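Single chain ahead, written as structure tokens, the form solved without the named molecule.
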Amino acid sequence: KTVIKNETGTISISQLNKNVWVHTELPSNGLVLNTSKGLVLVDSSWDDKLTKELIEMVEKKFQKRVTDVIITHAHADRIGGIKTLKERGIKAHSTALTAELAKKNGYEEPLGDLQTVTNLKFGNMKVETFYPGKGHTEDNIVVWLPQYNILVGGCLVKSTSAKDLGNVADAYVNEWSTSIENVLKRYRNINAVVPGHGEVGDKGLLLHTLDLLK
């Protein structure tokens, strides 16, 4: 479907549906939500330079401002553009634990507003955030779009192409399987799963992650 790159192959957006796009930067993924009240991102990018470019590209294309970003854990591939978000007046949502960890690691703090289950609405776009337990990190959350049954797995969920768990320095490899099971129990009918890195898939990516954990 419709894929749009910037100058350089450095940032790509691919349309999942009318109002939901996957953003990918050099490879890390997030979402762009085109809502009636502005653009919402699920995750920004690796660093401030790429976060500024991502925002500029989507603002120009969709002809609306980025208003909000949901930060899925406190690692750099995720927290790295926080300075840019804060100085532009972009609301950076996170769990309290993610914010705690950001501060501990010398980053500016996201809002720490998200609970275990938080339901947000941006214009007409419904967003649910869910902390399923520890896995890739202590703090990792997933994001669910109930109008589309699209799950953003973040780094909790590995792509088909991933043949191992990647960076486990901050991981909880026992608890990770229970956390994925918690996702599977909460969201029994899934149309698409967006991994942290790699190609979009379906529930099979969760089962793949379970197998990688054995």
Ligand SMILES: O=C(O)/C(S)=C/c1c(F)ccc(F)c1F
Contents of the next structure:
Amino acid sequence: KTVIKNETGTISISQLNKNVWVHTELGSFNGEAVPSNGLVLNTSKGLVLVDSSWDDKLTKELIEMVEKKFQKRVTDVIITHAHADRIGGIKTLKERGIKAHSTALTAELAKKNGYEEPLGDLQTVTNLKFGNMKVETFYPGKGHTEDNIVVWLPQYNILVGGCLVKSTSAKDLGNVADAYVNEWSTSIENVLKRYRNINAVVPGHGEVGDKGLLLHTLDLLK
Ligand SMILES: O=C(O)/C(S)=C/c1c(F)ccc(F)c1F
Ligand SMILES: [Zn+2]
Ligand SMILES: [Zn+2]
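In place of the form solved without the named molecule, output the structure of the form solved in complex with the named molecule.
Below: every chain and molecule of the assembly, starting with the one above.
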């Protein structure tokens, strides 16, 4: 697939189909680069992102790269939980007039932790349409965090698992300070029950996979 990088290599976009790309950014933490993934949706009414990035500098540069390439503005972002990889660029979004969608719980947690607040407009199931691009958001229950949601593209059967879903390279659950490891299995089961025919699964970190990433996450939770 087509892969396009910034000069530093810290931001990359990879094409999944004509209108759907994965964005990946490296956040540097004590000398260790840590990548994280979101989506870029190229719609007839603008660009929509699933997730920002670790901080405002990276978010600014991601927006600028995609607006230049796709020749449209970023209009909306969906924030999938209130950790820095997802929400760290919220100040940039607000000051540019980019709408930052989230559940109410994600917005409360953002505020509790000193971030600017997203809209708190998403429910347990929300169906959005941007141009011709359909987007469903789903709260499956607690897992990696109490608030994590997934994003589904029904025209492509693409699931953005976010940090609820571990990549094949993840050999443990990672940081579980804010996680609910009992509920996590049930939450993944709720995803597997809702979306029974999945073409790709985008984890929060690591390589794109398929429903096997869900099953891998269930095994890590044993
Ligand atoms: O494993 C992950 O998906 C994530 S988001 C871990 C994590 C976290 F628990 C707290 C803060 C943060 F900045 C993080 F990156
Ligand atoms: Zn997280
Ligand atoms: Zn994460």
